[PDB]
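**Student:** So you can see what is in the structure, the chains are spelled out below.
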Amino acid sequence: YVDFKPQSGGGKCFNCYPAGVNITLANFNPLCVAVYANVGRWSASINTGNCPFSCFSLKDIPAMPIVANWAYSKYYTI
Amino acid sequence: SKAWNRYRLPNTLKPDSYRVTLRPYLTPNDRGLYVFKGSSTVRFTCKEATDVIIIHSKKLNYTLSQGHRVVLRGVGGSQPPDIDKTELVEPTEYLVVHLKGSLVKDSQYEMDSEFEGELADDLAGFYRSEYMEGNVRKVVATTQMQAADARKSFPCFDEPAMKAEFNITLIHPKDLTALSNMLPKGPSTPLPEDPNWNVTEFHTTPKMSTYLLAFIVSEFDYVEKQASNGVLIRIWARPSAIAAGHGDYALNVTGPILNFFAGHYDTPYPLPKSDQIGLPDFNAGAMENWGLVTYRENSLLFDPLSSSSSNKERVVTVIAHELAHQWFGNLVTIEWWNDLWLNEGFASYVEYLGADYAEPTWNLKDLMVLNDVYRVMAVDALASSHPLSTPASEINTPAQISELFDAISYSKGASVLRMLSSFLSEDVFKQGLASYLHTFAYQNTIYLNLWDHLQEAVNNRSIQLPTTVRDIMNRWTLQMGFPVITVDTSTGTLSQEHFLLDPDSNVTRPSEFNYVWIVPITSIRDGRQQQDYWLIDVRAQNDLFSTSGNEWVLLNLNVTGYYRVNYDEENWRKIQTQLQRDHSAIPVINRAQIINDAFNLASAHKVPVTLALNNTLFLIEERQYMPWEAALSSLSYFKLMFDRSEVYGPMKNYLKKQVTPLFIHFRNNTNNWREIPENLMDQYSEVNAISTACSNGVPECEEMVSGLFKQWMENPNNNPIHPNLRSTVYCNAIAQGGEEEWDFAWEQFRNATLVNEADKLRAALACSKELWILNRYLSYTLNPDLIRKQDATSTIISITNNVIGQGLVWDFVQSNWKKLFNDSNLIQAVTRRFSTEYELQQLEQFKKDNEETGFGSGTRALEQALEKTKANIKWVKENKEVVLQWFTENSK
Ligand SMILES: *[C@@H]1O[C@H](CO)[C@@H](O[C@@H]2O[C@H](CO)[C@@H](O)[C@H](O)[C@H]2NC(C)=O)[C@H](O)[C@H]1NC(C)=O
Ligand SMILES: *[C@@H]1O[C@H](CO)[C@@H](O[C@@H]2O[C@H](CO)[C@@H](O)[C@H](O)[C@H]2NC(C)=O)[C@H](O)[C@H]1NC(C)=O
Ligand SMILES: *[C@@H]1O[C@H](CO)[C@@H](O)[C@H](O)[C@H]1NC(C)=O
Ligand SMILES: *[C@@H]1O[C@H](CO)[C@@H](O)[C@H](O)[C@H]1NC(C)=O
Ligand SMILES: *[C@@H]1O[C@H](CO)[C@@H](O)[C@H](O)[C@H]1NC(C)=O
Ligand SMILES: *[C@@H]1O[C@H](CO)[C@@H](O)[C@H](O)[C@H]1NC(C)=O
Ligand SMILES: *[C@@H]1O[C@H](CO)[C@@H](O)[C@H](O)[C@H]1NC(C)=O
Ligand SMILES: *[C@@H]1O[C@H](CO)[C@@H](O)[C@H](O)[C@H]1NC(C)=O
Ligand SMILES: [Zn+2]
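As they're listed, the protein sequences go chains D and A. According to the authors' numbering, the first sequence holds residues 305 to 333, 338 to 341, 352 to 372, 386 to 393, 397 to 412 in order. According to the authors' numbering, the second sequence holds residues 68 to 890, 899 to 967 in order.
Derived by calculation from the structure, the hints in this document are not laboratory data. All C-beta atoms in this analysis are idealised placements derived from N, C-alpha and C, irrespective of residue type, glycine included. Watch out, some of these pointers could steer you wrong.
[Unchecked claim] If you anchor each label on the Cβ, the simulated ranges turn out as follows:
(1) 330/D with 852/A: 53 to 63 angstroms
(2) 274/A with 387/D: 51 to 61 angstroms
(3) 366/D with 254/A: 32 to 42 angstroms
(4) 204/A with 330/D: 20 to 30 angstroms
(5) 330/D with 274/A: 41 to 51 angstroms
(6) 323/D with 274/A: 51 to 61 angstroms
[Stated by the list, open to error] Okay, derived cross-link-like pairs now, PhoX-like style, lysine-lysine, Cα gap no bigger than 20 angstroms in a straight line:
(7) 408/D with 340/A
(8) 205/A with 316/D
(9) 922/A with 886/A
(10) 316/D with 252/A
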């Protein structure tokens, strides 16, 4: 589950790194075997990294980046 | 004869750098005034011993320090004299520090000041702009320094050749962002004396002119993107606008244009960022402040679902203009305002290179012919015009300076640069400009420096010309006006003369060149381009211009040259025959040329008016935008002269006949107005066809526009009118309707969210045919709670453009002149209908009654209006009957 809001409110940047971030993988403390609406041009997806497919964990393991783009032009990693 | 009573600064002192701290107060004081407080230190070098410090200061109150208005300190061991006294000299806008001794040659000194000024709503200096966010009043602190208002925010040597470095600090509410030319130096920090304020210091600026400084405090939001040349681009606007995406197009075009200009001119943009910011209140279109370019919202923001294609073209062209100034104006700066075209003409030309780059399918460079060449030839055919480069000794006061921000400096500058690029080729031109920019970066230039570097480029490329660049271009730069080239195709003879709309006008400005030009003449024969020619003399002969049999020739292919062309009557007839046979055989731009030239020659009594009118006959089957626009613009004079006379009926009947087939064509091609053409020029052609049909009484047009406006009234939140058509639909629906349509449009205006829509409604509201409604609207134009001050005069002009509003507005100006002045375009617009002895006498009596008050930056304009009025009186007398007969015989 992921949710985020675009920066705004005064002096902030609307097409930069999102203001609010919540990446909550349930059952985490390393666990082993979309809320954000279309707020303007902002969208997001999961992208591949070192693993070939598209034990999970948000902490470093001895990865797959979560990308969030604006108008398919400005991309931001979480 | 006292230095403090002369308008130009002495040459005795020259600044090196400044620090300035400014603190705006965005809430009123006990007196209801918005104020800012500041401090400054200027470091300067004494070039010649003097016992006085003369520095600009405007509407600033000084806080005493160590017993005087300023503190004077030594540098590097210097021991400055004690201060005797200071004075504020209001006419020359100076602070004058009288000293008990003389400064030492080649020594440095520092002067410290502490001051306060009004953050007025006057759009000049450091001022306030206001908008609403819901029910919350938002107040913004912003700047406009050009030409001579930097002195209104802090004391400075406020002349463009007094370049210096600037160290800016802004003290602002802790919740609000401070912006300046440079990026912030570190984080904003709370003010120690009061943590409700933050202190934001900015990095030192490059060496630069005072008129380019900017200080903005707001809670705007922005979007940003690093451009491919590494420059950070930010688009700043009211939070709602940024969130709505109205800055996205500017972000799309700004960086790419900047990189394009840097590459094209082989000259990097040297600053780390270029901010673009849109202000709710701004006098001009924009201002090229180095690092912090300001714009009207209507020149920067754009809404793809409600803004027109014309709005988009304005945005991209204004951005290109302001970015062009980063090279032509900021990096290299005029020595003095007399050479203003070196900034604005280049920017006026180079904008087309940038905009065409951003929108290569629009073919905007072509529009330079209508929007610049023919725009400026109107005023540059007057005896009261002025040279591209005015003598420096004539330009001294702020009024004389602001007078030069006119059609000559912008549009003639651009036209002459277009011509130079054409005969040199653009590649050679830009090589020479790159050399110019490299040599004079961070310095100041006059026109001769430009000629020298262009000559270096010509020599490097072995371009052969009839003489040096200097001798060719001085003819176009140091004397006013332009030639008409008259061709006798029987013999192939050419001659030139200074083109004057009134043969009787009294030319009083001498020219060392005798109003003779060196003219690059291009030409086509029966559609095939011929060899280029150089006209060096008052007259010449060449077989290029001789014809026999059926052949015709035309000069000035694509109107690259800044001159008008006349022909013998036989060649004119051949041209008209070609237009009837197959008008596509003549380049569209040369068709516009044929129309505009013929109409102007007719005004000057060089061709019969019937020849110019005959040149419009083919328009009944012309679908291209440009020739129609040239015709409509030329006929605008006929409308101004005749729309209160018996001629207007027949004139409208003629235009109705000529435009009806085009209107029906667009009705079919657009699927009954459901779509708009893909090509920009076709979109503009459609808009002109609708405007012409409705203005001249085509019943299908009146029905269409009233129906569309009623449908909007029935669904106010679902506007069914394509943005391109809104201006004309609104105007004609209001004209065709009554109080209910007017009140609807007014309420849409007051609640408007996009400035383009507001602009269209505000213009449309002046189209009411009811005098009482126009009077009420006039009363609204003066209330800043109803119409923003930045838009007051524009709206009055819209009213004066209405035939029913002419007398209303002229009487208003006569009745309210003192109040208006104490609290230029208006004179020009209000007087252009004048065609009677009575109106001339009214204008002269107005002049007499207000000579003491003066006319400021409208002085020249009044003289031009008088000249035009006298010409208009004579022209109507000579033509009113013949034109009536022509329209009568051709309207059937
Ligand atoms: C504006 O800021 C610059 C940068 O600090 C100042 O330039 C410095 O001046 C001192 C004093 O002469 C020198 O020791 C430094 O080497 C200079 N630094 C640079 C980078 O030039 C400049 O004096 C400031 N101007 C004012 C009016 O305060
Ligand atoms: C004069 O202007 C015309 C029209 O703007 C130019 O013709 C265009 O040339 C471009 C470049 O090849 C073509 O892509 C267009 O299709 C042409 N337009 C038309 C309507 O055919 C012409 O090249 C210009 N010539 C000069 C010397 O300036
Ligand atoms: C959102 O984030 C907060 C902490 O930032 C957390 O307490 C909450 O559980 C998160 N909600 C979801 C649905 O992930
Ligand atoms: C400056 O002084 C004048 C005259 O004393 C006064 O009217 C004006 O309000 C002052 N301005 C400010 C900003 O205090
Ligand atoms: C002002 O300074 C405070 C100090 O921490 C900071 O929290 C705040 O974000 C600053 N305001 C701006 C607009 O940067
Ligand atoms: C501008 O926006 C359009 C979307 O219509 C996009 O295709 C284009 O790539 C953008 N320009 C740049 C330089 O990214
Ligand atoms: C107008 O021309 C006359 C002579 O033709 C000349 O004396 C006069 O000075 C001119 N007008 C002006 C304003 O100089
Ligand atoms: C063109 O104007 C002439 C008079 O200058 C007139 O005799 C002629 O009829 C006009 N052309 C047409 C097609 O009527
Ligand atoms: Zn400009």
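**Student:** Going back to the hint list, which numbers does this structure go against?
**Tutor:** Per hint list: 4, 5 and 6 violated.
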